[PDB]
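Sharing a structure with you now.
Subset of chains shown; positions unchanged.
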């Protein structure tokens, strides 16, 4: 099943879409500057791009870390991003009451992994009728995603993206099961699957030392996921991977994606 | 560090405290019946007791599933439990705005495991000044519980209980690392550690074996659910065993 996002077609048989941006919105000027870097690199390669940021992030690593400019100013920033660059945008919500006003502006709304079973939020997000990105909790098996999808369907919204972010592996933070992508596609009606490679490399479960040198293998992880035929890649980059590297990185991802997406799926 | 909850002393070198009750509040009358059973059993066995129930199941599998009586009616039920039996109670909170009104009634308020990183919720719970029960996420290493404890300390509340509920073990399965208890005690200032045996068994006579094993490591409390979950009529027999072990362990000097 494909999802149309303005001009973009998002789907597991379509050219991959890049989701990226900044962690939290600070100001119009800082946002436009960072967005412009992604837009310039993606335009150089012809890759569809959706800008991501949080306006009120409730799960930062300290309780006084800045949560973002907030709903009213955040939406004004997102409006300007859409107008200036002509791209769609994506943000997370965590309060049911925020869903409707966010959905007036933001093309895709995101269901934080920790909240993925929270019924009042699921309903409120569903009722917006917007595209929704469902983050797969690290503690949920891929064959359980169908239950979250079922709740969205019960609440009347089928425009759903499934977002892989890794699975809990010992006290070693996260491992990504490359088979989980296929399990999701098969059980959830071939909804668009996207791969959050950045959060798959998170180390808040066990601390950074428990991940050893393994996180340096991030291009590899991205390539490996995209080899399984995916609608998109969710990826953070700042001058997260560095920006001199972003073009080189996307060249490799686009090469693989183009190769994969050009071949018919295996005969049956 | 010990925590006083009314007349109860909760701590890792004190007689274990039972946090027991039910999944979800469904009516006044069923709640009082179940709680009466727990009170009568625990009083005769001499086991300190805190009554547990959720007022809302916020993450059931269908949007049409029964969620329980809800906040307003749930607090009325908890007020009646406290009046009738004179015991403390515990319930979970899911939204920052629920924290102050829940804390006015419920002695202990509980941070759900999946919400343990929600900073707005941590702050709102902390501000209540109530005793807090921190459910350890299945995806968190025991040496990282300190990170949650640090947030509560920064928010000005140190009356914290650490609650084991198992660790993810592959897909759809949990294991309880019996060494984690000691890791939590050493790295979190010997705050009370309690064991949620019920949720640790998320896919028998297995509950007793697992409870015994956890309590062998010397813990402040046991957290469990029954249904009229352990069959309610087996409660007394179950607790006799747990108390026999707890008494023995607690009588041995710490090494």
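A few remarks follow.
For reference, chains read A and B in written order, and residue numbers begin at 1 within each chain.
The definition used in the following text is that contacts are C-beta pairs under 8 Å (C-beta built on N, C-alpha and C of every residue); 3 or more make two chains touch, one makes a residue touch a chain.
Of 4 total copies in the complete assembly of this structure file, 2 are presented in place.
The rule is short, and it goes like this: only the chains that are shown with their structure count from here on.
With each centre defined as the average position of its C-alpha atoms, the distance from chain A to chain B rounds to 35 Å. Residues 58-65, 67, 94, 114-115, 117-120, 122-123, 137-139, 141-144, 147, 150-151, 154-155, 167-168, 171, 204-207, 210 of chain A touch chain B in their complex.
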